[PDB]
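Below is a slice of the complex: some chains, not all, each in place.
Letters are used for the chains, namely A and B, taken in the order the chains are written, and counting of residues starts over at 1 for each.
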Amino acid sequence: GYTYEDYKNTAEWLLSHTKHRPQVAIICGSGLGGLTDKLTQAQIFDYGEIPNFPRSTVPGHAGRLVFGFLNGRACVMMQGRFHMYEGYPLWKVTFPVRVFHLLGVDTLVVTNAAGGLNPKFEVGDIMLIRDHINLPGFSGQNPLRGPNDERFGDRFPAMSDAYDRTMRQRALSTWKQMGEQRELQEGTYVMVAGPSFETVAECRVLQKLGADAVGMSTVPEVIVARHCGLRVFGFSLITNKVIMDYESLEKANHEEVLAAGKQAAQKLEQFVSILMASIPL
Amino acid sequence: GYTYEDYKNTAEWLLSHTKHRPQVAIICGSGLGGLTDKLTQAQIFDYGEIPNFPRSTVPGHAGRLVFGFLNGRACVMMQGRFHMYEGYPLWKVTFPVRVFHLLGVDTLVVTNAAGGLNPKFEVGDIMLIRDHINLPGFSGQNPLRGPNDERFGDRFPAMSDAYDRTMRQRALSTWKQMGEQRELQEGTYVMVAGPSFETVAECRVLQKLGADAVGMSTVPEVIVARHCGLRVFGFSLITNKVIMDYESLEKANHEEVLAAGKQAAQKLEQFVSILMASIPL
């Protein structure tokens, strides 16, 4: 739906309107977006102001790019992200990631909320993403579907190495270098489209396929980032333990997700700020 | 594709054209639709007569709403239902369920044919639906995809409690209260899009994911029903045992499905009639 010149046009317009030249793109998950308050020399653009940039549908909170410095790194932050369940085609969801590349961004940090499928996980845990299962991708919902532009990347990119080995180590280390009672989790994120929450039978399916966490975002952005050669790091805030048996009378709800998001707020701003120092130049 | 005012407009037109005020919506599976003959004060509307109502594609049998009384309950019955495989988007397939809600319907009974994946199941068995696996949903084929209307329900409804506990018990009981040689089955229904029948490798996949029965309907209607707060009960007529090995020279066919449907006809009209008395007011 976008031409190469649409991305270039959007990129140049952003370059013309900020002296900020970002290196790291950060995509904040639902209610982990207070992290814009830690930026310095913060310059804000509402999505509506940016050519070709999809406008958000959520009336409560309209999204924005915030350019700034986080702990030494020249950052662009996406507050309010796009999801399949809102009805965006994946070429709109992942439109920002290609703009970031053309701004000169070389690293993407992606964060999300997720339900715990791994029994060991607890509400409030952070799981680093070692790998993903792209269920939409298997069926044709891949953001690379359509003509490939060699200026962005190959027709057939690999994803076996999607989540940077170096950054995962340098994040386990960084987590030791704090006084955290609870250990830092690591695992496979499965993307489902949503927006409804899984049945018990569905949760059992996702456990058997070997997923540790389930969410409704991230994987499309990761594929497009890797397609054009960005280094990728990400993690999940476990907001809830997915109901895996028919005895329980507890039900997943977005209130849970927000609540866990407010509790983990300070911890996450800290973790992501310190991590900037571990990203090369 | 529909606005809130399209559903309201359709609802009011139906209210203006019948004195019937239904409480229970019943969606009859392929050849379980003789059950309209058990209604009293039956008033029939062809889909074509009803504003905004998708017309059926099947030339042989065009669908209709029948309003009437079944065993004390004010019912609306859907004879002829929509399937993904016919090329309807899921917002058309599940358009009726939202109209039912606005008519004042508070309960949905959904019935379907299905192939047996559980080896214990036999042709002619009835399986109550305890749970579903929404394979289309994982990939983006969820009827809630798009802008959410708070007047219908939440952005992120749970489905872990989709199939009413009370009604499943009150249906096992009701089945005892008859002279049935064969025991009443209970299990997970997996929706696939069809319209072609599964390979042996596919059948093995669906067994490993933990499905008991496989069909091509129902799950989208259930999600939209739950989204706007209807109580949901359903079951499958097992029409065939899915070929699970390469030795067999038997092939699934729609003739099997119809045939099993004619045999189970009297049993199903009876079962669903008696069940009306167990639905609250």
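Worth a mention:
Rule of thumb we're sticking to: a contact is a pair of C-beta atoms (placed from the backbone, for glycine too) under 8 Å apart; a residue touches a chain by one contact, two chains touch by 3 or more.
All together, the complex described by this structure holds 3 copies of its single chain type, of which 2 are visible.
One rule holds in what follows: only the chains that are shown with their structure count from here on.
Inter-chain centre distance (chain A to chain B, centres taken as mean C-alpha positions): 37 Å. Listed in rising order, the residues of chain A touching chain B in the complex are 57, 84-87, 135-136, 138-141, 192-205, 208, 243, 246, 248, 251-254, 257. Interface residues of chain B, counted against chain A in their complex, comprise 130-134, 137-142, 144-148, 154-162, 188, 208-211, 223, 226-227.
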